[PDB]
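Only one chain comes next, encoded as structure tokens, the form deposited in one PDB entry.
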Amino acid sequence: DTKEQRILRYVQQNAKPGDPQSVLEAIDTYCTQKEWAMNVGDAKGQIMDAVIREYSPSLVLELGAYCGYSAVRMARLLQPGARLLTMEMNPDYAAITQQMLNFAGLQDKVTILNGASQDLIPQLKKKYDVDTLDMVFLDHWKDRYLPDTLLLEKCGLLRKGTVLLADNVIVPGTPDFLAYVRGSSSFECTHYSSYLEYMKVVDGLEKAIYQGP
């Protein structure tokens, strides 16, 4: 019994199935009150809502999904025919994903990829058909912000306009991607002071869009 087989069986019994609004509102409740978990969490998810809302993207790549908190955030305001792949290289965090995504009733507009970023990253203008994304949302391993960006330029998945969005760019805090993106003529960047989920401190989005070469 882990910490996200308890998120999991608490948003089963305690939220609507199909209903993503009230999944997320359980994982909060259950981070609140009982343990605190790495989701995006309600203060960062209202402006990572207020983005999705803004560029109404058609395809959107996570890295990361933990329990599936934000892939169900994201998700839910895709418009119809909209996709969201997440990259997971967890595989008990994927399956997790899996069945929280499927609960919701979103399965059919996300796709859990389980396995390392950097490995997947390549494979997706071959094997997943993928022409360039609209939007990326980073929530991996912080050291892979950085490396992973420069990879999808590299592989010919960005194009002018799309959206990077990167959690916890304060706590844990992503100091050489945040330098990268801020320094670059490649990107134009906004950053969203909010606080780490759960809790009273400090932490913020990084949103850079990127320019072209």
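Positions refer to the first chain, counted from 1. The term rigid core refers to the maximal set of C-alpha atoms that superpose within 1.5 Å between the two forms. First, how it differs from the form deposited in another entry.
- Once both forms are overlaid on the rigid core, the distance between the two CA positions of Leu205 between the two forms is 2 angstroms or more.
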The other form holds:
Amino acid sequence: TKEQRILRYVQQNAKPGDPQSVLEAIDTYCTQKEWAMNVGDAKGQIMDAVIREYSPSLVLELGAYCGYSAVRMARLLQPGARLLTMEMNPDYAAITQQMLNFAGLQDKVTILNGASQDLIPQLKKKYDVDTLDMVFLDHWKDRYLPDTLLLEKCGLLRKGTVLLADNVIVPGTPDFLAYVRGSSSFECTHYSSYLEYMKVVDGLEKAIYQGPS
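Would you mind giving the form deposited in another entry, to go alongside the form deposited in one PDB entry above?
A lone chain is what you will see next.
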């Protein structure tokens, strides 16, 4: 699979226990061999600056995929801080675990195998969670708003909890964006950037007719 190819490329090219090199290896392979839905380096630098500002002790990530953003966030956590990341595809969750293992970040991250709507109500009881400091939304785009309402209902948000959402323009999360921007329960800020790895290769073919034979 495309996702196995990515993991193998990192294992052959990155330096073990170096999270920065793992990120660069993923970025190169997806810019010049196979496009994949990682957050990418340009939005990733915005992610970095937001995490550095708030220094969250407990982060929830929705949709781990190959682990690109788990590595990006875990490397910036302080000693003792934790990240929990939810991934419903068993293939993808195993890849994310090997990615973090290779990065040396495995001790800070806990992968949760299942669907957000099933797991979010089990967070406090099964994972000793009180409230989240930060939530990163990057799963199916029509589930951002439903899961936000679910996190509120389950008491996982506190005043000051930072939600951070990818792809609010492309492919777009229009119901989520209208809700949070119109609600007095959320103060919103927009960080404009560019979709990941989008120098799309195409070409012209010249075909010169030679005659009947």
